[PDB]
Each structure stands twice: as structure tokens, then as C-alpha cells.
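Asker: Spelled out, the chains give:
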Amino acid sequence: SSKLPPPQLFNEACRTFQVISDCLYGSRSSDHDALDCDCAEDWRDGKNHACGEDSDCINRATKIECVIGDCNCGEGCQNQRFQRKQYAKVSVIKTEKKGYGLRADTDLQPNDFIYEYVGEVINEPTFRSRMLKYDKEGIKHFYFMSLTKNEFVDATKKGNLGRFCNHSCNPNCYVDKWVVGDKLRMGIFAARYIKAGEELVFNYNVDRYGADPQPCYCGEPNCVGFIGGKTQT
Amino acid sequence: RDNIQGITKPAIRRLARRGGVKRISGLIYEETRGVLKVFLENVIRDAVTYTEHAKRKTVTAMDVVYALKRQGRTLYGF
Amino acid sequence: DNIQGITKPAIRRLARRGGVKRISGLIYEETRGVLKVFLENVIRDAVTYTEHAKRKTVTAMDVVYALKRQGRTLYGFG
Amino acid sequence: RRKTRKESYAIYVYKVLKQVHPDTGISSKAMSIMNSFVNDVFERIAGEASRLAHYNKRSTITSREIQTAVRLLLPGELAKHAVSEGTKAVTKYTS
Amino acid sequence: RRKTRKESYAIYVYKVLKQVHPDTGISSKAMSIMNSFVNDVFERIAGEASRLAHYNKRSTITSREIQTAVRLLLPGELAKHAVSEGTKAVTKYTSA
Amino acid sequence: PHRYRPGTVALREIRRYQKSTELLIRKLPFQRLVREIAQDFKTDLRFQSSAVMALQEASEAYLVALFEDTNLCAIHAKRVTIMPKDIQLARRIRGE
Amino acid sequence: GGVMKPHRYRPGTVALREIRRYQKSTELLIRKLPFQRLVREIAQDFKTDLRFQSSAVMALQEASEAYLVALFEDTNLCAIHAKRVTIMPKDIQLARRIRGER
Amino acid sequence: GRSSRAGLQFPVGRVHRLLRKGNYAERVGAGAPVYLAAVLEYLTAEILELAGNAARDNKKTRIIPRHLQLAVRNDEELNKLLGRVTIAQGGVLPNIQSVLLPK
Amino acid sequence: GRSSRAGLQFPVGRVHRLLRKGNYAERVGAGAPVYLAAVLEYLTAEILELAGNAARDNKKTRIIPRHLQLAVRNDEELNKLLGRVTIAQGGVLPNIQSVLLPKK
DNA sequence: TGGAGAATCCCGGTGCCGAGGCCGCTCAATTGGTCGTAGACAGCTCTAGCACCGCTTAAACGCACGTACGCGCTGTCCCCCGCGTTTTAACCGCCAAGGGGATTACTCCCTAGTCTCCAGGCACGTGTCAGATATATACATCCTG
DNA sequence: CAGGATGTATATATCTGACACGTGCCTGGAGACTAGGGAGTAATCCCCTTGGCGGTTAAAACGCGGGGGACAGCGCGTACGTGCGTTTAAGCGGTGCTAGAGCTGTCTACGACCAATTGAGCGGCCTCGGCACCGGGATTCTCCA
Ligand SMILES: [Zn+2]
Ligand SMILES: [Zn+2]
Ligand SMILES: [Zn+2]
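Protein chains in written order, with our numbering: chain A, 981 to 1213; chain B, 3 to 80; chain C, 251 to 328; chain D, 204 to 298; chain E, 50 to 145; chain F, 1147 to 1242; chain G, 801 to 902; chain H, 420 to 522; chain I, 55 to 158.
Hints in this document: simulated from the structure, not taken from any laboratory.
From the three backbone atoms N, C-alpha and C, an ideal C-beta is built for every residue, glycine too.
No false leads were mixed into what you were given.
To give an idea of the chain I side of the interface with chain C (calculated C-beta under 10 angstroms), a few residues: (1) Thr140; (2) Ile141; (3) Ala142; (4) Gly144; (5) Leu154.
If we take Cβ atoms under 7 angstroms as the criterion, some of the chain C residues that face chain I in the derived model are: (6) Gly321; (7) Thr323; (8) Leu324; (9) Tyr325; (10) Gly326.
According to the in silico footprint, chain I covers these stretches of chain G (three or more CB under 8 angstroms from chain I): (11) 815-821; (12) 852-866; (13) 871-880.
Construct all of the structure, not just a fragment, from the sequences and the given hints.
Answerer: Written out as C-alpha cells, the structure reads:
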């Protein structure tokens, strides 16, 4: 759609940070060695993608990514994209109530790679230390997502363009776990038809430790006024 | 030659009726002829191997029975 | 009762090696029944070999020969 | 009389048929099937006794090997009655 | 005192492995599997040659009966190359 | 103008051919099939009549068992007709 | 602050991951000691105070696991034939019927 | 005759000769052919008795292959013993699946 | 040695002894053990070659039951010969049905 | 639902060839001696199987949640079935060569058994290396004053 | 606000368990020679296979109308996959005890083996009745008004 129709920067923009694109985590995994598959390529100059983005290649079908250079397809394997950044086109739109939205810049085909949420991955006592120092400092925006149940991610220190999102009770994108370089990572993907201009906002499914969240400004009959998670922690 | 078509459509239909089949797709006839060709090829191959070992020029009934015995589909009465 | 000792996750893993993607909840009782029948036949034949040989211990060779009798010959024990 | 002697089980299957069924005959093809069946079961039991004797480093087929082979090849109630018949026959024969 | 002299095809399978791939080894359990395989193929071929001798009222297993057993047991090119190897072996053996 | 429904004639034929006991393939075409298959192994082979009868019996029994299991697969797939993939499934389960 | 739980894996993804993991490895999938107790219980009904060699129980566990794996392979093929992806008891009974064990 | 002494109709002498000349063992115990003949007599008697019964159930006094077939397939344990066996001219059991019957 | 005369590795003498004392026939021909040893050594060499290639392609230098299992189940002819045998601790071939994969 | 109609079943009548029995014969079955190695049995040794126990921790279990897949319904359409009409070739009986399976006659070389001799193969130490483990070590956490 | 003691991830020298190679020894394999019987080969016969022909007629081919079942979409609900947290036997090692496998020694009963004999059982031929087939009516099943 075109609901979130002067784009902003990253560091009318949000608070400043450092743009990252690599692995700059806390300490670290996934321990799942993806071996070199025998996928037929149909690739010499890019006539078709080798481990195709929507065909039947065994690596991509299970949210597993080939490392660059060791799979039999070589470098034309489209299931290498976390290591080669085949991201979509979003930008930072300023909204007075929704805050900062990832507006789509080109009309996006459904069920494709949109972006990646990268930041700092940390454990639970340092994670609650980050929580305590941030809500004693007085930030009103909280990025305390969980990669796995043990570890946690945060992007306000050293993150990327995936910060400018929110909760919508009707999601357009979603986030799913993938594995790359024996490292568990996160990726935001579309499911429905996406037109250039509207912010790509999904289900957070937060279990907030506080009592007063900002209201869900989705304005839909599916919105209960607040977000809605799993537990009342 | 093309004598494998001698096993005709209604004869395969008869075998199927004896097998309990009620309706038969048109492709079943060619599939059954191919399966039977494979089966008979194997059995006649074993029979001819027994016959050539016995220094005989005629495949006897015993060669066919022993050949079927080798494949766990023993036949009584020959 | 010990047939329930072959637990439901283990049966799931067995299906996983076989390529099964989704498993109905009623499968587990059928699988334990099949396992009981198979083990009953192989163990019965093994015990028959032990009673013949006047030995009290079921030996590996007895199990291999018992399996071979049922057309499921096993390599790697003699 | 200018023909090679080809043995069979015909007359013995016929004797058994007359002992079990008073007024009943049997066709040539049915007798052929029964004769091949008897030769088949004989080959199975003798082969099983042979391999059983080989396994246990024995060189003699005794009553024990035949008994174990019969219990191995015949399922359930058939095996029970067959081992009963075998023991009965050996008991009568040694006396 | 040693326990008991038990025979196996272990050293021959190892010599064949060293003849085909000198820098490759084999696990003990895999050697056991290979020994059971050799004994199995042996038992099948000997059983079939026995049945061939019996069906034709003969009391001698010669190279011809083994050859026919091989042609019955191996499916296709395995049988063709097995008959080639056996012919070579018997020829070289009897002609030296 | 009195016609049977599409399927009752099938059941009457099922009862008929399961009640009778005779070879269902035509003798001479099957004998030509047998001789043709035999030509590719050895030239000018002769066949005893009993050998051709044994082959026809084994052929009919194997096809009957295959069609019975194919029918069980068809009924399993909530259908009453048989398709080629049912025969391929049956032979796959059997082990070829 | 708050913990932000994201979306889990879709049903079947972890299943396929297990498919690849167990088809690539070779370890036994049945617990050894419960299976050994099952073997001794089944053997109880033929001869009292039966003893087993460890290699015999191991050969039984290998044979058992190979038989069940092959049966589930055949069941999966008949299941996938019937336009489902979920095996049912009828599928295993059909597999055993066609194999000739019933 | 050793046959009458053992109370058997099958020839223990013939069985013993086939055992000696059949390449089964180097030595054949004296009780083995008697035991084997007894087991053969039992299996033959069971199949013949069931075929005879089926023949009377088809108003025939002469056993034909179809009756032997019915005899074999209606005994579960014989069916298990003869699961890989085909009886020539035997036919098939009258088995019609429920799903094909009219409703 | 009789093995060296035929250029074989497998023991012709042991095969001859097993044939005579294995109760297969009253008499055993002279060419039978040589021929049988040749067939056994050829089949052993073929399966060990396929296993060796499978192990080398999986970057291992020791042949393991898994590589034997792959050697057997990947060669159609040996698969046909060995369709009803179970190789201990061998597992199965990686085979995922196409239908199990996700859709477009 | 009942009458029409087709199919099948039953019931007697005729012909026929195959089951069932007898006759002559031959070789295999039985009996009695004669012997030689297989195995039954007692005893002894030593491995390994069972039983117990403590400890650690990985998998099983139970519940919660949610989605996607199984299953029932409905429409469409098309393909196989029922059947009639036409055609072709299987089938049955009869005949004519003649090929080759089966037997005979007789020879002869190949293999079992025996005896003589020694080295190849097996059980066992001894050395060597993928793979797992306790250990120095750098950087962040708490910890009390 | 402050260093020291402590916890944690990292690279590491080492420890273990399985595999390659050398050592003594013994038993089975190899070589040599002989006897006898299985088989190899020539020769003959005669059964039954192959080939042909002709008439019958039943089954196969072929065409066409039509119906009902296959197939695809839709919709719906519930059960099974995934995941988290709780618990428990599985596994491992460590320890102890004795049952029984495995080997040996000695002896004997039991079967191999051989010759003579004789009758059981097999081939040939011969006979009559169960059955295969046919015709006529009777029941039974199916389907459309
Ligand atoms: Zn790929
Ligand atoms: Zn790839
Ligand atoms: Zn909302």
C-alpha cells in the first residue's frame, strides 16, 4: 500500500548509532554444518539463480544458507544472500504517531528476502544490565528482542536499518530464524503483496516487563488497543 | 517383432477382473505389457541359463520351475 | 509392560530416518504392535536355535542365522 | 519296460488319502501338485537340517536336527502336531 | 596360551584393499561386514552350484557349474566381468 | 433398450473369473511372446509344451497378485479404478 | 524493557532439519537399555532364565531399526501416493499387506 | 518293512536314500528318516483332508487343483507356510472388496 | 602357493577345503576353487572400490559401514544383488521425497 | 416396488478318456556282519553376563499455542463402460519329417584318500595418530570498604 | 570510587582408544602317488516338437452414447509440530560374583559300508464311471418406470 507516504537517515531520523553489516556480536551459535549439495545450477552468467530463491534446492527449503565458495554451485548460489546482502529497498519515513517506518521504495514481490536484523547478541545478566542502564537513562524505545531463548539482540548501539519498525496486529512482513556460518540469525521476509510506500510493520509479540505500553496505532478491528504477546512478564 | 501386442486389451482386462479390479485406466494395458515383458525376460533368462548348462537345446518344464524357484515364486505341478 | 519402553520420540526418530514428515498420534500403537510381532518371530527362532545347541545364551550367530531364515540377512556379526 | 524309472510319492499320497477320506479320489494334476509339494517340503526340511548341523559344527543329521528344523519351518499348531507325530514315530520305531 | 584358531577373510580383504587403494584403511567392524559378505556370496554360489549338480544327476561341482551359478546370481555387467575374471584365472592356473 | 449400469457387469465378471480356473491369456500369442523373448539369448530354441504352460501359469499368477495389490492401493487412495502409478507403487513396495 | 519473542519456525521446518540430520548420521535411534528389557520380556515367554550376549541384543537392535526404517519408507511412499503427507495406521497395514507379512 | 514297523505310510527307506544321496550330511541318523516321513505324512494328511472337505463342499468326489488351492488358502498356518507358493490351475479366493459392492 | 599360480589374492586352498567339507557335493572339480576365488575377489574389489570412492569423496581415509552402505545402495547392480541384506550401523541413503519440500 | 429381462443355476442325459487296478519285472530296500570316527559325557578353566550402586545429564514428558493440513462437500468434464456389429486369428484335429533327449557301450582321466613336510595365517605385543580433555591465560563481573 | 578475587571464552599440550606393523607357532595346505568310478564320447533310437492346412466361431477390434467417478477448488476445524520447562531413567564407570561357554579326554554306540536277497513299487494295458458338456426349465438378480 501507500499509507506511510522526505525520507530520513539512520544516524527527522532516529537516534544515532553505527551502521553495521558484519558479525560484530558479543561473543558468538547453531552448530549445524551445511554440506555441499549437488544442486544443478542453470548458472554461468546469471541467466538463472543456482540455488534458486523459490525453486527446489535442499538448502534454502529448511532455512539453511550455503557458505560462499564451498557449495558445488560456487558463487551464483542465490541461497548465499546473508553473506552477500541481496536486501530490498526501504527508507526511513517520519510519522508523528508510528514513529519511524521502513517505507518500501520498490514494489515488492511477496515471499522474498526483504532485510536482516543485525546488532549485538548478548546473554541474560548483561542483558538485564542493558535493560537497567537504559531505563535508568530514560529511553522510550526498546529493542530487547530475543534471537534464541537464551541470547538476546539489541540494535540501538551498533545496528542497521532494521530498527525503524513497530507492531501491527495485521502484519505485512514477519521475522524468521535462519542459520549462516554456524551462527543463528534473524531475517524479515514478506508474505503478502508489498507496494512501494507503506511501512513494513509486523507482529512484535512482545512480553513487556512494564505495565504501560504505547497503544497499537494500527486502528484496525483486529487490534485490541495494545500489542498482545504470550506471557504477562 | 511387435508380437508383444498379442496379449490384448480384453485379456489384460480378464486378468484384472480375476484380480478384483473394477475399473481400468487406458494406460494400464501398456504398463502391464511392460511389466510382464520385464518379468518374463528375467524368468526366461534364468530358464535359458539352466538349459545351456544342461547341454540341451530345449527349455524343459523343469528348467522353468527351477528358474521360478530361484526367484521365490515356486510353481507346483510340472 | 515394556513395549512402551520404545518411547514415542524414539519412534518419531525411526520415522525420521525413513523420511516421514508428519506422524498421526495413532501410529505409535501400530508401530509397537509391528515391533512386537517382528521381535517375537526373530527371538522365537533364536531360542529354537539355542534349545537345539543345548546352550543357555542367545549368541550373535544364532540371531544372524534366525534373521537369514526370514530373508533379512545381517552383515557384521559373523 | 524301455523307460527310465522316475520315482514319485503317488502311491503314498494315495494311501494317506484312503486312510483319511473313505470315498474320495484324486486327479493326475492334483497328484502331481502333491508330489511336487512333498519334494519341496522335503528339500526345505533337509536343507534346514543340513545348515543347522553345519552351524553347530556337527556332521550328522540326527532326530534333533529334524525336530528343530520342523519347529523352525512350520508355524504354530502345525509345528506342535508335527513334533508330536515325529516323537510318536521315533518312539514306535525304536521299540 | 592362545585361545582358539578362528579363520576369516580379514587379511585377504585387506590385501585387496591395499591393491586397489594403498592409502586407504578399513575399520574392524567394516572388515567384519566384508567377511560376512564374502561368506554370504560364497554360500549362495555354492548352494546354487549344488542345486545345479543335483538337478542334472551329477556328483561333481566343476568350474562350469560355478560359472552357471555366477551367471544366475550377478545381474548383468557384474556377471559378464565375473565370468571374464574366472576365465582368466582358470586359464592361467591350468596353463602354468 | 435395457442396459446395465457401468459396474455391475464388472462385478459379475469378477465373480465369474474368480470362480473359474483356466488360463486367461491366449495360448498362441503368449507362445509367440515367449519364443520372441527367448530369441535374444540363444538362436533356435525349442520349448516343451509343459514349459510354456508353466510360464503362462506363473505369468498369470504374478499379474493376478500384482493387480490385487494395485487394487488395494486404489481403494486406499479413495478410488475404485487403477492407475499406472498404483502399479509402480505396488512394485516399489514389493522391492523391484 | 521486556522480552520480545519473535515468530518460531513454521511446522515442518524443524522436521525436515531432523530428516537431513538423521539421514546423514548412523547412530542408533532406539534407547539400548529399554530395548534390551523388551527383548528379555519377549524371550521370557519361551525359556525361563534366558541369557543374552551383548552382541546379540545389538544385532537385534540393528535388525529391528532397519526393519522399522524400511517399513516407514514404504509407508511414506504409499502415504505420499494418497495425496497426504501424514502417515496413518491404514498406511502401515497396507504396507505390510503388500509386503506379504499379513 | 521299516514303514509298517514305524506306523507310517511314507517310505522311510526312500527318504533315507534321498538323505544319503542328497548331499545334506556325511552321516544320516537312523531316526531322522522316520521323523521326516512322519512330518511329511502329517502335512500331506492335513492338506488332503482339507481339499477333500472342500471337494465335498463343491459336490465332487475327485480332488482337482482348485480344491487344493482352497484347502491351502483357508488354513492360515498353511498360507504362512506356502506364502511364496503358486498352485497351478488353482485360481483365486472369491474375495470382493467392500468398497466395490453396490450401495 | 596355489593362489600365486592363478594371480589371485583370495585363498584357493581354503575355498577348496570349504567346498569339500561344506557338504555341497560328493566331489569338487579342480577348476572350481580357482574360479570361485576369482569371482569372490572380483566382487570384493568392486565393493571396496565403491566404498573407497565414497569415503574419499566424504573426506575420510578410513572405510566405515556408512561408506559400505552408500557403496551398495548407490550402485544399481549391487543394490539388486544385495536388496535384502542389512549392513550393520550403516543407516540409509539420503533420500527426501520431492513432495516434502515447500511449494512455490 | 414390481414386472420384464438377462444371467446364472440346477438337473438330467450322453460320451469319453483318464483314474484305478492288475501283471510282470528289476533294482533298490532290507538284513546281517564288520569297523572306525562322531559325539555323548564328565570335568575343568576362565570370560563375560548379570546384578547393584552412585552420579551426571540428555532426552522424555506434559502442557500451551497456533497453523496448516486432513477431510468433507460440490461442480465439472471426460473417459471408460456397456453393447452392438464386424473381423481376424486362435483353436482343434490331422499329418509329416526329423531333431535331439535319452539310453547304451566302453574307456580313461580326474579326484578322494593317504602320506610327507613346512611355511602361511592367526593370536599377540608394540608403536602411532584423529579426536576428546584438563589446563595455562586474557578480559569482563561481582565485591567489600 | 576502587583494585582483587572470580567467572568465561580461547588456544593448548596432553590423554585415550582404535589402527598399522612385527613376533612365534601350528595345522592345515601343498606335493606326490595310487585306485576306481563318474563322466566323456560315439552310436542308435524314437518321442514329441515344429511346421502346415483347413474349417469354426469365439473373442478381439472398433465405434458410440452416456454416466458416474476422478479431480480440483473451497472451506473448515482440529490435531500435530514446535517450544519451554520439569523430571527421570539412560548411560557410564565402577564393583562383585558365578553361570556357563569352550575346550579336552575317553569311551562307546551308532552309522558307514558291503554282499546277498527279494518284494515293493513302477511301467504297460485295460476298464468303467465321474465328469465335461448340453438342453430345458427354474430361480435370482438387476433396472426402469
Ligand atoms: Zn544447493
Ligand atoms: Zn548452494
Ligand atoms: Zn493492533
